[PDB]
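Take a look at this single chain, the form solved without the named molecule, given in structure tokens.
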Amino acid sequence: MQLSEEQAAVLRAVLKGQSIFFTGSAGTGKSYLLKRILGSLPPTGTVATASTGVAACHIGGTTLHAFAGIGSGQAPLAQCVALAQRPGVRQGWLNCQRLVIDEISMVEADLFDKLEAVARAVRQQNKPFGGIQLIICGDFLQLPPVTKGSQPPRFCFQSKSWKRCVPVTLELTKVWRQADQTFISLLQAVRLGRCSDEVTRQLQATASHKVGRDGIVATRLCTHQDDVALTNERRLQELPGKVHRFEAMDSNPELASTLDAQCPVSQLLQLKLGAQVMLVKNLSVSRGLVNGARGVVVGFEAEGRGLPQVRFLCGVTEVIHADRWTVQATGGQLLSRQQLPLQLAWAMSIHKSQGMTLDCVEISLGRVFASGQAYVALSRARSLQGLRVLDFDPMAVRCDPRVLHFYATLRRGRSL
């Protein structure tokens, strides 16, 4: 694809060796541009990471936690430095010339501070972040920071080292995920916490949307995985068909926990006729069989493993064959899982949707959400006709004042 002028400016800064933060609304092509950046660089000395396993998958990277190799990051700095000096971990720190981080908004400032300090200590380079070229992107108006500790987290930009570490800031301002300017304008009002009467009426009108197709119902977006598991298990149980089982094969079952964070499929996949499923690997972009595609199980092959036949929203029916995930864990340890690329999809967490495009979703937005969380949910949908919002109330839409102040300081001095 033709990069926009804005995307080309970011790639030019990266190839000049500039540390950069680039930002933009949901669906502006940040993660796409990271893939193009990675393609444009030598793989030696280039580390691709994201804040979360879900986001790391999108760019073929690892988690920032796995790269860093400092445990949780909560131990004292001396303990974290000793962990980073372990065989494998240390060579990763020493060999890293360029560190890509997607979905920065989930990285708390105290962790950024720890990583900056470990980088200097392991590399014995007394410069910001040990001299590593940082290539960071995300949207601070999307999912907020998380912490392995118990204190209220600070946004990454609050780190006293942030601006020294990413001195260049560029923006991507053209939304590609949604094609419809009416929906783009609605989403921007939500992102900024500006729900006019018109915006609220337009979101409430979606309560009547018939988002599915024959036999395909909406995926409910939920704030917590407990509620997702409960819903998917109950809806599967209620189907009359016999259960069909597909067991995953893992290279390292003792590290299942580490592999699950980054892999979107389960050790045990159970299906029935009528099961609502999400495809979680690109199979055929031309046929619309893409990551996030929704369908319904319409049959099982008679032969062999009895693989499922899935009809998708686009109208294509396909037998779904095995696939594989390889996850980079601590040091450079690699883990694999072989499984069908399907998950049950009556429900899905907002966190697990991070960075995805979806097209058949429902969400209840009648209570207080975390800063950015309602915006992330709404901005997954490719079009309004694939979105059903129940009980919408701008109480759900919250923007942390720290983030609005941050973006005002970013804007200061710019033409627009």
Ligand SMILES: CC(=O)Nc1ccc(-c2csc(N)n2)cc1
Given for the second form:
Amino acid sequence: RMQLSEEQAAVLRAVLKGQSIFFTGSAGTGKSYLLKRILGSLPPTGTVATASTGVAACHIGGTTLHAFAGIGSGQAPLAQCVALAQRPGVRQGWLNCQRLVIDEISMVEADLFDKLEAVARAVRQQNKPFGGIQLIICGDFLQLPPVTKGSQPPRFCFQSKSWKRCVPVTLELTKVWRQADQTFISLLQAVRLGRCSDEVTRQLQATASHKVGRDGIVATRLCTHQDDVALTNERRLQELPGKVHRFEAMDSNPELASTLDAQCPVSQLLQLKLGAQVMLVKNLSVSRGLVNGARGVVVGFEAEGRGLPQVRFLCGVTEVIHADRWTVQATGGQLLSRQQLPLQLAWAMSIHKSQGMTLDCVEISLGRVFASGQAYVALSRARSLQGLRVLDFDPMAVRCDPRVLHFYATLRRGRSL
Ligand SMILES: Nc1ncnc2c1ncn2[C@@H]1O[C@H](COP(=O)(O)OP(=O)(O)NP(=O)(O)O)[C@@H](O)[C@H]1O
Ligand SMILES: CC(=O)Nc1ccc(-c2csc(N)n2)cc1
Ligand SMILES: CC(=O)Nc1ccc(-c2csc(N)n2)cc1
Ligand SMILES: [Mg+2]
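Alright, leaving the form solved without the named molecule aside, put up the form solved in complex with the named molecule.
Now the complete complex, all chains and molecules, led by this one.
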């Protein structure tokens, strides 16, 4: 285990003292890593690991907050949500939960937080904030903004009238680890706060000339919408001359495939060719650089058996990629599994799917208005400036929601620095 910073240790201390806490910090400050250390330090009984999204839940071995709550979409009236939470399996999960971990809190809208808080009280019959559950919450409100299952403009989670009562303590992680380069760290920090000076703008524009690929590997284009990702990956695959090689997943419940898809980074049908640009979506070997996010290209298929792909990675290593398995925790503690190769096509990927990840071979076009925090998320995935190529950069792409700046300014009002 790595040596926790003083900041990271302080959060761990609070959690083990039984304090409900929100902890926050820039991209790559080790929030999710610290969640893993927290989960290891707690009894597994009574501790529930969630995140706002399926992609983020994977990073910590958890489930989605949606799946844990078991209140359907959460759009139904509170009384109907309570009844849903009273269902077998669901109910027990609420009753037995003493500590609830939530990563990537920035995607949870205030109305949903309010709903969960009320459900917690109703189901557990405990007249205390959040049913008396110890909340352990982290993320960055200057990253991806709240989504909604409804049609109204969402409020940030901190706008809930229950936020401060439910998470009375706030701590910060301030040392970025993802990037090693101070120039790049300082550049990302300016973007995160919406402060694009002439110098910042010039620096990002200069990346347009970066050749980020090496030896037949090309940059993954980060896109705002999955439609555009799917179309790009399919068209680039189709244009390759080789025969198609197919790898069909085996699911424990094929019928529930769609529930699996939301919490699992691999598809039912994987199609590959010589030359296919692929991303490894599971940590295989940290030492050999075979980690989640690693980019490579298919350099052959084995002659024998299933004809598994041989993949040359940007790092250097060339390796035959074997089947792996994901076991997802759905509603009411139901478990579903998928066996598949841990590969996705990677000429393109959505910014939402990169949430929480480190990447190192990325291109993005930043000349349009984006959602608050979305340009920052995209840029802050890259380990290094030289693995990033930004096209058509314009500060219009970089927006911070004023509500979030006000939140952060209020949060630090009494602090030393
Ligand atoms: N104490 C530490 N010492 C050294 N490296 C660390 C430490 N804590 C975390 N890291 C590394 O920091 C990197 C980023 O960690 P991660 O947990 O993804 O950050 P994050 O704050 O969750 N990122 P994001 O989800 O993008 O906001 C990982 O490669 C960790 O190994
Ligand atoms: C839970 C979940 O859906 N995870 C996930 C993560 C990454 C990707 C991915 C990588 S490259 C690409 N085109 N898409 C897809 C899915
Ligand atoms: C609760 C807390 O710690 N701070 C906080 C910050 C901002 C807002 C907000 C933005 S505009 C609006 N109507 N509400 C609410 C609360
Ligand atoms: Mg994270």
